[PDB]
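4 protein chains.
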Amino acid sequence: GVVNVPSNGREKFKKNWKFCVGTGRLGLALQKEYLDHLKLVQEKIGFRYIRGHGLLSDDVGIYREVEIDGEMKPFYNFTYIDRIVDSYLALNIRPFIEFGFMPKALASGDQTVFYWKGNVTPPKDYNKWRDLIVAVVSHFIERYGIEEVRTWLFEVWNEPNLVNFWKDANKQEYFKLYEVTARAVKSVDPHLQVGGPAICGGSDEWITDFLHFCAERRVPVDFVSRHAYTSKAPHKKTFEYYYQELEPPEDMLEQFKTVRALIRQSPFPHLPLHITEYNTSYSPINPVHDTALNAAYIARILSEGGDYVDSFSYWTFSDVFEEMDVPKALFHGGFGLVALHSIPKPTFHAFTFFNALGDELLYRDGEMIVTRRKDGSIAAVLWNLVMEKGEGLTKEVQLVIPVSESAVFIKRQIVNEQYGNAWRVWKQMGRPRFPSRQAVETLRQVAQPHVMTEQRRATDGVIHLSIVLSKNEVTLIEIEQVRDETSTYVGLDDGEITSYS
Amino acid sequence: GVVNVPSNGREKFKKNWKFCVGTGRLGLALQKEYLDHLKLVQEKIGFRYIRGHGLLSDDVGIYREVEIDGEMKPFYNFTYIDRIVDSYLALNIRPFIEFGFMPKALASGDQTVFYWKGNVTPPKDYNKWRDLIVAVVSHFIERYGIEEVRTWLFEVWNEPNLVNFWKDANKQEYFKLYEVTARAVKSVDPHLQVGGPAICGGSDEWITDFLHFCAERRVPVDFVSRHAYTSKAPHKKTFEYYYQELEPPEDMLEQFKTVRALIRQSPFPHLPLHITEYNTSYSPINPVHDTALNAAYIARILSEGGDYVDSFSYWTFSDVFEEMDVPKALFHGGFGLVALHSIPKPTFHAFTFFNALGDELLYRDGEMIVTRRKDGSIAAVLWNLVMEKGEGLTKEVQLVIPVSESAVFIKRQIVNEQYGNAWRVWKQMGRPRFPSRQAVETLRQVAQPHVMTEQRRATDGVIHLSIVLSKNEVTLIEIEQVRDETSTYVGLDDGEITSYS
Amino acid sequence: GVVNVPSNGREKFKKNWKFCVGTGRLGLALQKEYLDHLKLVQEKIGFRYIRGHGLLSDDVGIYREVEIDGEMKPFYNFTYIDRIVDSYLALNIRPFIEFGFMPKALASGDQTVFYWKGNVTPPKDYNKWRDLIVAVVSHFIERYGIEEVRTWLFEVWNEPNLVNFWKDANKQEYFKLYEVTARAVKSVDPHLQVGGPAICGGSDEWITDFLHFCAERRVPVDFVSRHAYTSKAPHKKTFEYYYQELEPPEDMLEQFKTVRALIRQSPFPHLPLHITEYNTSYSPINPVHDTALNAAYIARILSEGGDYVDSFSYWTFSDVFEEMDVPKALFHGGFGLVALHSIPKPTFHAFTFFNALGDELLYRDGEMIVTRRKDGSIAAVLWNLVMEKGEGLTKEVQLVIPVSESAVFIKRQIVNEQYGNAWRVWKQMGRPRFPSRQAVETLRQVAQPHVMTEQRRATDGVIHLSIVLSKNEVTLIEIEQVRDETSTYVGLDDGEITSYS
Amino acid sequence: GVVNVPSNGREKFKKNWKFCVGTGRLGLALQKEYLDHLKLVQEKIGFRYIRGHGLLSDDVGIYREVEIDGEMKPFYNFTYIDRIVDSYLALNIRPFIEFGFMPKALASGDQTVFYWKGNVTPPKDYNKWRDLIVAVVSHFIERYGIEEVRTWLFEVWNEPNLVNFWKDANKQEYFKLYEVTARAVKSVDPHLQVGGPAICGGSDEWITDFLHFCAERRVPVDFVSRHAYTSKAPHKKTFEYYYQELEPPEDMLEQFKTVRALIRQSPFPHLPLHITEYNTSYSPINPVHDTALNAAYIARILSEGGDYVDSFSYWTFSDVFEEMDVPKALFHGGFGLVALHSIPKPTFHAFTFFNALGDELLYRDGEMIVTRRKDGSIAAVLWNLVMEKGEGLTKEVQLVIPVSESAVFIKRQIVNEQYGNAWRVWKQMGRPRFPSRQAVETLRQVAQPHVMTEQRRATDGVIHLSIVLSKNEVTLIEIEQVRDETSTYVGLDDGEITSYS
Ligand SMILES: [Ca+2]
Ligand SMILES: [Ca+2]
Ligand SMILES: [Ca+2]
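Those protein sequence lines, which keep their order, are chains B, D, C and A. Take 2 as the starting number for the first sequence in the entry's author numbering and just add one per residue. Take 2 as the starting number for the second sequence in the entry's author numbering and just add one per residue. Take 2 as the starting number for the third sequence in the entry's author numbering and just add one per residue. Take 2 as the starting number for the fourth sequence in the entry's author numbering and just add one per residue.
Isolated chain B, as found in the complex:
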């Protein structure tokens, strides 16, 4: 198809796409490997906030008791989160705090979730929980100052509409939990932004009921959160993998758009919507995450997601993750943009490529976005999602582009099934679970995008680009003005160099 790019544009592409990114549990942030991947992510994409589970779980170790004279008394150990949040602020990223799970010494029952056994029961004593929240938020303000902590966000719990994350999926108990948390947070400082309900899909009446619980009972709410995946239940499991079919990306966009409509009808029509988890599959052992398809699929969501929501947070930035035990191989289906040994997966490159876009929107359809940057240069990202099996399945794109600058330097970066894909080459190596240093460096070189460059002289103030994208390709194309300095090199003749003309 032939697309004619207009010279200027009315609308502005937002940075909503990189507002937030997900993570494995906060206690894993103590790992050097974790910080390795986070530094890479902050250099090449730079997210504003980071969101995961386990702030209050026992590895991070904040809530204890502590026998004094003859009675159990609370003790708040900030050793670990002080280091964790410090390490975050040093990398220019703030916590999108999630309060959870339940500390053991505060839990009412035995039910846990994950390999790491986060306790998912309500607190035995709601006043002890309140006091925990006040202690934690108060500490954060003591350490980092009120101005800093006022920029953070505070979600209460996680997926209370699923039985695995909250006892009996108890709607009313969660609302009580929400109100105690919300009010405890405001009691420390009224500007702090608290929100919920952090639910998985399939049950959006919870968002209607949540916002009505808060209206009726005058309970604070500053944002709404929901999670969004497109995978069905596993159709085949091995001992290490879940395999799942996926709905197309418009299904996710519809989810975003549907939840925003439910907010617009509610008694709090102005509330921000934060999609605090999203990916194709919701399982950390689904190999789909390691593929070019995942990138081409996510590219579509990056292009449009921000039209409906204030943020959507890719779960996750890193394979440093233990919800289903320690990764059993290098490419093991983890959620991360970044694989162990800081090896970028195809999806990472899609973010990177979006990070080259300018604020000015020239054109956008279901397979491309075209922008103008301040300097006058064009930056476009194009993608060829093909969810069906088969080879070939190429897509041609004909881009007529307005530009006054008489010559143009075009730099294209590509990742697809052949290039920027460490997963493909890892198969060639024999799928080493625990590869050598040298196999890993080779995987790191191969994981880099394939670059091609050209110079093109304009005809009639317009350039034509013929772009062939192969199956599940995502590509960045930057088009810059050539200020040719050749004529300053007086006498220059390449033909005077052996072999050249």
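Because the hints were derived from the structure by calculation, they are not lab data. Be aware that a few hints might be false.
Identical copies go unnamed one by one, so any copy, or any two together, can satisfy a pair.
[To be verified] BS3-like cross-link-like pairs, simulated, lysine-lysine; straight-line CA separation at most 25 Å:
id: 1; residue 1: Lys105; residue 2: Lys238
id: 2; residue 1: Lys74; residue 2: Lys238
id: 3; residue 1: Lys118; residue 2: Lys105
id: 4; residue 1: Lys118; residue 2: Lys33
id: 5; residue 1: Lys237; residue 2: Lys74
id: 6; residue 1: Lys428; residue 2: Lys74
id: 7; residue 1: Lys16; residue 2: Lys40
id: 8; residue 1: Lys45; residue 2: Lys33
Since chain B is already given, all that's left is putting chains D, C and A with the ligands on it; use the hints.
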């Protein structure tokens, strides 16, 4: 032609090719840019020695006088070589010291060489020159230890057979300068290895006569040094460039082979031969240095030069160079393997590819070298040197390589006119002289070798590679055992992932 | 009194004292904090080996069971020890491997030890344990090379004579565990050094019985391991401390001596003796560890312990530890040489000071060690251990040292109750449990030794040092050659500078 | 002297004292050593601007001709200043540009200044000099953008009232050069701040005459610049030293104040005054720079200089400097805050101490400055400048400070003749010209300030500090609130640790 690679090899490919590398003047080693380049060269190519001019020239500033009690007395200022030689040893490289040029306060005349004005006249007092040599050598021993300094090499002066480097190209004055320096060095310690005569090509009788001089007067000598280039004097000039025609690589190898024979017919038949400079062109402003042709040309030399000499030192590791003034553009025909902003030029990847070869030499002709490493893997560099003008001129090559290892992972890296080639992309950018940071990063990215990988199974203990090499391509092919772990992934099926089979 | 230092010494002070250092459990090696601590320790102290628990425990996560073709089969996950052992080797340290504790899926019972719950029961199947040992040692050889792995050591289990560490303190069942482990290690490669019984003090008949067991059933043993502490059982507890009284250092040296003699009477008289754990207190929450007293105590051990044993491993290099939960304040009584935030405790300086000592032992008594270095310089460590309460309690020492110089430069470094002691300043700060960054930097600053320097000219070939050591001071004195260059500064007069003479 | 420090102050202590710092010539900024020093200075004292000579001198290399056809034509080589200014900005410092000296290819005559021979003659053609300024200023805008370059400052020449720096000290010829330069800069962009006349002391009529010339003839001026020193001509020289008597600090402040009054009476009454160089001695080989006296002298200036001027630029940040050849010894009387090897001099610590001061001024006299900061802590810098000879000469200072905070933590840092003084210890080592790495590390350690800390309890709402300062001491005293956490450590008893009470 079909190349049958034997499974075993008797001969051993020596590491002579990276004994020593060349540099711009030692005062330039104080620059941060210099040290960035050397760090990159030492990580990707481990050179043992580094050889350049200007140890005794005035920017380094060792030789001074100094009015004390009505008398002009020597002062030896080691502030700068201390720092320089320290930085060398920290990067695991030792100085192939070159004694020169003439300190101004000790010069007999006015004649200089280069924009930096190295003085090229005899010492006004030969006893003060000797005292200089003794104080410097002694200083090295006091600072670093006798054992360390004893592993160094000491070449005396530079190209005395050229009027530009030595007043009148005075043979007997040079032999005298050599003699005073050689005895000065030995008087500090008899195991310090001293040599000469450091001549350019064109007059090899100087080697014959030099050794007859040392024989008659029993002047200590421990190696013969010589420089070797294949460029004719320039046939065109701009304010910016010297352009030169080149003879083929066989011309240089014959120069090596000629000088070795001359040492064998002499009264010191066993002397080591160090070619302390080599490249295609001897001009630091000949663009040929920046091209893929240079890379293929030199790969020929890296493959065989060690057959005839103990070392051959590429002039130079880096464009940090001022013989013909500060560089006037990013790619300005400088000698270096690395360009400003630490951008590898194509020749750098030739050195890097040779660094991947094993000790065991399995096969070699005029266009390839195939080797076996200690772990049984195969490693070959192939080049397609085309000096003639024109397009295409591709060379197909057929390989029959034995490996009992029944499946194989092949990693190929290529640098040619299209890949690994910053120069090409600089030109497409309009030859920016002083590029932006953004342009430099793109040129760095494009400067990386293109990588192709495949898996292949052996039929009958053997693999057959059909390889295509474009114009002036150099390429590294590594062939590793696949230890396939796929069977341990029970129930793995890529066809259960969206879009894959 | 007065000490006449002899100019020459017969004896050598051995490097035994820094052969090995202890660590918190291996899974903690994944922390950034841990690795910052190791780097500091490896730069300032030369440790060769690193010994700790948890290798086979479930955080590191090697042993898993996995359902394949309808049976429970072993899966060995090397993801984490690959990264751990990689990071050890990159910092020039190798594992003193300790095979333990019991993986949960292989345990025969439910008894655990520590906050992190390592299982302390026998394996439910000894053949599976064996296959576990074999798979781990084989994986090491595969990744690191057989020559690398042969330099390691392999301890079997931990304190099997203590009921907390091993079911019933079952002697005969530990011997069985040793045999199955030792024969499995030898089956992989016969050079691999294996030993035990890794007992705590109080029941040294276990060494005699362990060696008689290995003699009678021809079981491979390459060393005897043993733990040494001087602390009585805690006489007071708070919710975060154990306080304990200590025996003097001679008690530890006698423990070393008495165990060595037991080896020499047994059927393996020549076997190496590795004290794989030692410190004053055996509790990771006894504040004595954070004090100048600890450093004074342990310096006496460093000075003599090598006389009796091949190695004695200070438990531990770092407060990065979790046996009794996450540290509840900055200085919490941890074992570490280094405190969180890379703050060196006084004991760390004791090790640093011993790292400056020379080979040649000139003199030693129970309060000093005086040595000569290869360059002729003198290095001495002195300590004033004072276990009794009160102020003052100084030791005046007089040293008559010979030197072959004529003028000398004396650099003294000191750590005591006032200087190089962050615990004291932490107290002055109000004992902040979770100090700010600003406070931490102040604590690091103040943690640095105090330095005093002087020049002193000899008389009659000799130097008379008067030295005052304060309560529990450890101090380094280096006496070096002055090569006065003042005479080359002709006309120099500090009296011409404003205010000076 | 008993000082009662008020609770609140009406005035602000300005940041003018670290607005700018001086440097050796801009070409030396290419040195790794230089950037090591700049980084350190920028980490501990964050200066905003850096001011030095030689931008247009031929080592940096900007101006060349360049034979084309048969005519000499201008070529502007931006290779080196691009690297220099990039490195400045990456370290958060901007150029206070000084246009000079004269490029040889533009020079009218052959007179030069310094070891490095900057040419101090007018341009042969003022149109060529204009075309140079336009090319340089324009290139700066092209690379860094117009907003950034407008924050810089542009001074014309150096000390044109001194015959050494400018042919004949020709007043009218400098005004002509100012006019051509100023108009040139303004023709690129009118908001660029240009000024002069950069004079040395002893003839302040030049400032009057400059400003009248600019008013009458409507030449752009945006600031006045002037240099200030207090050293008399040398009374003794050696081959390597100038020794000079110093006027007291009142003389410098009186210089500042005098020039400010001349501007206030001029036709441009409101012009900023920048003192573009200042120190005690004006000679780069006067040992006084290396001393504690220099530090105590400069502190009075840092305390008050900002009263009269908009900036005052300490000449220099670093001993990396070649005006009078390469440093002949480690401490050689160089201008730098930082000695070679990154060793801080006593004067460096003065600046670091001032960098801890708060904005709100509580109390100031001629020997101390006392401030409050945002968090409520008190920071004070005290100094005891003694310019006469003699030992002892201690100053007792009694501070009576208000705090209701219950108790306080006092951190004191001292640099004087005994502590923080590497010069003193370098002499003890026998004044090594070219010390070993090991002697250098010792001088670094010894160069760190001496720290003392204490907790003091508030009696009656007031803390009474008694501070004995030794001769030529400068010292920082921070007083913070103790939030005591001791009572949360229930049961804590240091008396339960061996030896402690
Ligand atoms: Ca040079
Ligand atoms: Ca532990
Ligand atoms: Ca200079």
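Treating 25 Å as the Cα threshold, decide for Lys118 and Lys33: within, between, both or neither. Classified as both; 23 Å inside a copy, 23 Å across copies.
At most 25 Å between CA atoms: does that hold for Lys428 and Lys74 within a copy, between copies, both, or neither? between (55 Å within a copy, 24 Å between copies)
Using 25 Å as the alpha carbon limit, work out where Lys16 and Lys40 are close: within a copy, between copies, both or neither. Cα proximity of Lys16 and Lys40: one copy only (20 Å, versus 34 Å across).
Within, between, both or neither, where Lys237 and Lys74 count as close if Cα-Cα is 25 Å or less: Between. Shortest inter-copy distance 19 Å satisfies the 25 Å Cα cut-off; intra-copy 48 Å does not.
Between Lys45 and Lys33, at a C-alpha cutoff of 25 Å, which is it: within one copy, between copies, both, or neither? both (19 Å within a copy, 22 Å between copies)
At 25 Å max between alpha carbons, let me know whether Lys74 reaches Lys238 within a copy, between copies, both or neither. between (46 Å within a copy, 16 Å between copies)
What label fits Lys118 with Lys105 when the C-alpha limit is 25 Å: within, between, both, or neither? Close inside one copy (10 Å) and across copies (15 Å); limit 25 Å.
With identical chains treated as interchangeable, where does the CA-CA distance between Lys105 and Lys238 reach 25 Å or less: within a copy, between copies, both, or neither? The answer is between: 24 Å across copies meets 25 Å, while 31 Å in one copy does not.
Hint check: no violations occur; every hint is consistent with the structure.
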